[PDB]
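Okay, so here's just one chain, in structure tokens, the form deposited without this ligand.
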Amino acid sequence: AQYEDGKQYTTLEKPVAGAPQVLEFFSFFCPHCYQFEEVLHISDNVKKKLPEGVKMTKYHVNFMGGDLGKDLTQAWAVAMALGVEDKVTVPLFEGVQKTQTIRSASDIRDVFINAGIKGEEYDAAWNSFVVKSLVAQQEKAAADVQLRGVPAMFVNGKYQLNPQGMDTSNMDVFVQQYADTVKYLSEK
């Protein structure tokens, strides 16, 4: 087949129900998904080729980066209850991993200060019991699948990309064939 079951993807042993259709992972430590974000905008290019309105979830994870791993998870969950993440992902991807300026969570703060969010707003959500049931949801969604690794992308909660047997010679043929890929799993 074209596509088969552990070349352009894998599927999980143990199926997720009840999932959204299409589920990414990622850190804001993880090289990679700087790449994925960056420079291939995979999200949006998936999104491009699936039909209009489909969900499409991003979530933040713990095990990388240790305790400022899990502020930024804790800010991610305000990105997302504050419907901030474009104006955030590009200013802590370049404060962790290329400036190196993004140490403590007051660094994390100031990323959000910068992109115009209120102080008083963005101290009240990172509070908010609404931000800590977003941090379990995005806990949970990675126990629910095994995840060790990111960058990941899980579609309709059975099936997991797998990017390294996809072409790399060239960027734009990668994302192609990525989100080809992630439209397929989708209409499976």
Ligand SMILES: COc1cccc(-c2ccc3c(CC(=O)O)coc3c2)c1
The other form holds:
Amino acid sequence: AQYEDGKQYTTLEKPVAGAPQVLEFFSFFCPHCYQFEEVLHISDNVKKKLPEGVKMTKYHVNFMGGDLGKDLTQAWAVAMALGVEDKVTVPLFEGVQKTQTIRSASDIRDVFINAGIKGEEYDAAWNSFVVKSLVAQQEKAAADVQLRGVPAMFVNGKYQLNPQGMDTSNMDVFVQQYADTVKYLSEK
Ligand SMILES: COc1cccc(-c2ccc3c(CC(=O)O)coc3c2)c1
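If the one shown is the form deposited without this ligand, what is the structure of the form deposited with this ligand bound?
The complete assembly is shown below, putting the previous chain first.
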């Protein structure tokens, strides 16, 4: 067939009940994740190919970067609790990977401050039980599929995107194939 298990996608041996429809995992330490955000715009291109209103969910992972990796998962919980993901994704990716000026949880807080989040607001969220449970939720979602690599996308708890099996000579073709696969998996 044109779309084949083991080419553009794989199938989880243990399908995940109740997962979000489109679920992405990333790390601010992950180089391909930087490209998915800054130059490929994978999430937006996937969104444009799915029906209006489909839930897309994006979570951070702990396994890259030791202490700071967990700090970044907690900061991503803060960003989701406050609804400021679009304000902080780029400066967090560039602080970690471009300028390497994020070395501590305080440097992470500086990114939010500079993006216009008030210090009081950030600190209250950071210490909140709502954010603790958002951290638990990110961990649970990743643990459900023993994730040991990012960037990762899962469709309906059942299918995992396989960019290894797509064409990467052309950035936009690659993005197309990826988003068209997500569309095919969602219609499955
Ligand atoms: C073609 O233009 C670009 C630009 C930036 C990153 C990538 C890229 C390639 C492969 C991958 C994989 C799978 C693997 O490791 O082969 C995951 O993310 C990727 C990003 C392509």
